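Asker: Now for the letters of each chain:
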Amino acid sequence: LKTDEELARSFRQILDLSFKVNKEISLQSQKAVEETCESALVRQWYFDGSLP
Amino acid sequence: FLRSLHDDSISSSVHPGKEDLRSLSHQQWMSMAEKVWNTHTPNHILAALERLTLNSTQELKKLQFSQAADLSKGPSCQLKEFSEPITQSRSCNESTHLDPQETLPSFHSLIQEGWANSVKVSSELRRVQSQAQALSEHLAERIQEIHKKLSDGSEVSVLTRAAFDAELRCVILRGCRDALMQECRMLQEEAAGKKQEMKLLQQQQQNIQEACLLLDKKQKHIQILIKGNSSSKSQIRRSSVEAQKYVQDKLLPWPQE
Amino acid sequence: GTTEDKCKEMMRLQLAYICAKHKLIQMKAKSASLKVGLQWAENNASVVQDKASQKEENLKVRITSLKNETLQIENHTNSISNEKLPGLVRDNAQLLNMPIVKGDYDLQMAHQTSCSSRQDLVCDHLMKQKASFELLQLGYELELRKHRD
Amino acid sequence: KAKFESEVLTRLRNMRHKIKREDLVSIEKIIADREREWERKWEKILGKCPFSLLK
Amino acid sequence: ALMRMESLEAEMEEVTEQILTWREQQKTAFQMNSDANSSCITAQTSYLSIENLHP
Amino acid sequence: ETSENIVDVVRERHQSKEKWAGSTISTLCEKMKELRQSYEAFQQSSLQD
Numbered sequence: 316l317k318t319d320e321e322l323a324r325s326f327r328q329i330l331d332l333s334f335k336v337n338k339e340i341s342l343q344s345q346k347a348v349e350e351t352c353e354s355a356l357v358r359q360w361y362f363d364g365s366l367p
Numbered sequence: 206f207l208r209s210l211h212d213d214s215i216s217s218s219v220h221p222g223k224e225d226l227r228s229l230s231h232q233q234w235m236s237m238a239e240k241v242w243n244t245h246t247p248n249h250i251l252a253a254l255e256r257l258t259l260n261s262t263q264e265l266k267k268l269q270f271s272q273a274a275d276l277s278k279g280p281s282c283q284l285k286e287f288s289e290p291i292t293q294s295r296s297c298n299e300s301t302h303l304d305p306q307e308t309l310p311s312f313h314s315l316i317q318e319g320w321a322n323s324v325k326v327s328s329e330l331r332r333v334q335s336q337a338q339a340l341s342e343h344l345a346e347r348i349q350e351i352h353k354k355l356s357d358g359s360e361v362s363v364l365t366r367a368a369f370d371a372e373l374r375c376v377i378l379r380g381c382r383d384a385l386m387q388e389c390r391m392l393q394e395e396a397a398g399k400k401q402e403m404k405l406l407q408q409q410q411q412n413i414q415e416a417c418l419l420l421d422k423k424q425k426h427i428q429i430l431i432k433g434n435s436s437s438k439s440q441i442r443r444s445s446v447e448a449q450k451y452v453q454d455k456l457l458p459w460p461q462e
Numbered sequence: 250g251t252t253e254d255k256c257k258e259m260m261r262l263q264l265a266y267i268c269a270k271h272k273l274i275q276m277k278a279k280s281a282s283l284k285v286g287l288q289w290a291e292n293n294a295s296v297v298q299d300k301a302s303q304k305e306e307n308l309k310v311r312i313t314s315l316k317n318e319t320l321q322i323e324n325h326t327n328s329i330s331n332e333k334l335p336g337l338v339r340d341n342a343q344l345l346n347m348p349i350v351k352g353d354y355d356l357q358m359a360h361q362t363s364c365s366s367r368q369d370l371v372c373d374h375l376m377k378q379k380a381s382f383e384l385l386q387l388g389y390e391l392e393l394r395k396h397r398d
Numbered sequence: 344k345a346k347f348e349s350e351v352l353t354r355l356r357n358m359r360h361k362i363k364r365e366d367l368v369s370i371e372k373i374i375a376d377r378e379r380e381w382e383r384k385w386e387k388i389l390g391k392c393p394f395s396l397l398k
Numbered sequence: 168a169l170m171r172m173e174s175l176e177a178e179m180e181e182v183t184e185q186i187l188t189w190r191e192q193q194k195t196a197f198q199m200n201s202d203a204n205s206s207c208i209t210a211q212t213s214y215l216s217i218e219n220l221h222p
Numbered sequence: 300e301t302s303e304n305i306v307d308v309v310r311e312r313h314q315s316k317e318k319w320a321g322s323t324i325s326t327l328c329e330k331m332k333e334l335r336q337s338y339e340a341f342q343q344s345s346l347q348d
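Residue numbers (UniProt numbering), protein chains in the order written: chain F, 316 to 367; chain H, 206 to 462; chain E, 250 to 398; chain U, 344 to 398; chain P, 168 to 222; chain V, 300 to 348.
Hints are computed from structural coordinates only; laboratory data are not their basis. Each hint should be verified, as a subset may be incorrect.
To be verified - Derived pair list, reagent style SDA-like, types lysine to any residue, alpha-carbon separation capped at 25 Å:
1) H:285 x F:359
2) V:332 x V:303
3) P:194 x F:349
4) U:387 x F:316
5) H:325 x U:397
6) E:377 x E:392
7) F:317 x P:214
If we strip away everything but chain F, and leave its shape as in the complex, we get:
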């Protein structure tokens, strides 16, 4: 009975792990792309149209 409960809990934690890992990888990828591009270009990507 204890093993059955632990199975569900353990799996939710695995899902949380997957999530945080995906977010980590996405932010790293963002950083890698920003370093290869001039900040002015990236600024245009993110914000161009919103600046007066």
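With chain F held as given, fit chains H, E, U, P and V onto it using these hints.
Answerer: Using the frame of chain F, we list chains H, E, U, P and V on its own:
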């Protein structure tokens, strides 16, 4: 009668014809009310009102207990199959197909999916980057081969080389432009495909605002009723004192005269 | 987290997506351009020996023409890359929030119903109470009239 | 059989504890540093909070 | 029945390893690209120099 | 009694559908398979690099 006045105040549709019906309904109530006061003794009428008030409090308590249980009722509970069809009793409102009420997803769960999709794009980027590097190396090898065949030192060969490089640059740039346009088309199609969904969300958003405003109206009315019922209670007390004062000041002194 | 934290999180998701998607499309364009370049280079490799027999004056005119065409294509490409593409990507990025917003809306709508239902119950109850008070008030008015007679 | 199943339960618990106390703590720290570095970088370049422009 | 429960536990361990392996692979992949971009900035400058054929 | 209880507990765990992640309802085994396939797909895309 009061409920009808309440519904009309919430539905802004001031239908201009509903006043004559209101009056008739008031008069009908007055007549009936008077009949009641003439047919039954005041002590009996007051007792009846006390009893009716007990019932309202009982119903409120029952609702709270059931409603509070609903707040404390979250889904592990298994669909027990209990049997017997009496009549129908589909729902208090009348029907209840809806309960798909699967636990609406939480922000966390949705946002998790969003980041998973973002990773799919990053993974695709890496794939295409590797492909572009292979192609760039392959193109450099081919250009070098063509340049070696035009190296016969003649002014015409040099010019032919320059013309080649220029034609090649034009083809590459045309290819880049066509590709970017193509990608822009895709992005537009995707956005166009979702435009309907966005309209729908806008409508929902309007609905939420309207219904937020609807809730505000119901609350503003609840405030008015609460204030109105407190004032009526004071008025009844005043009317009771006025009737007693009339009997003491004007009727009781006559037997002596 | 505060609606603010959730919003921030959504925005973060968008920004990460914009950055990645923009680069992806650039790379897709580069890749497609190289492919077409490679295909062209492979098809014109055998014809380049026959063109060497052309009058010097014709090659000069062609190079000049090609240089002018290249500049035009470059200016069009840069316009697409720097003006049209970033706007479209941003629009698409905002659409990432659709399921989250929808989910929230659904949640709100559902919430609105509960408060409104209790509101109606309280209003009707409060109205039932008023009806009882008005009946008693009328009872006192009729009694006062009979005392006057 | 009781001894074996007990071992399975202990393995699951050890796995979950390893994920929660080791793996997620390390990952969450890296995510927080990256989000802060990013916010500082763009705040410097834009003179305002980057998220205000997206609102 | 107990065998089935043991199979679920094994599968959970396997998926957890897969997620962590994937995380490590990506960490290496980003370190290699940062080292290669430092080297490649040097080579690309060379070839566009063929536009300078003036005399 | 114990032998029968254990068979039921395990059966319920294999057949029970819950919202684990996202907007889709699934069993624990299905969601775990989905998650496994996703990371297999991610790993294959990295080896072809």
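Asker: Are the hints correct? Go through all of them and say.
Answerer: The hints, checked one at a time:
1. H:285 x F:359: Violated. Residue 285 (chain H) to residue 359 (chain F) sits at ~59 Å, over the 25 Å cutoff.
2. V:332 x V:303: violated, 28 Å
3. P:194 x F:349: holds, 17 Å
4. U:387 x F:316: violated, 56 Å
5. H:325 x U:397: This hinted pair holds, its Cα atoms lying about 24 Å apart.
6. E:377 x E:392: The hint holds at about 24 Å.
7. F:317 x P:214: Roughly 67 Å between the alpha carbons, so the hint for residue 317 (chain F) and residue 214 (chain P) is violated.
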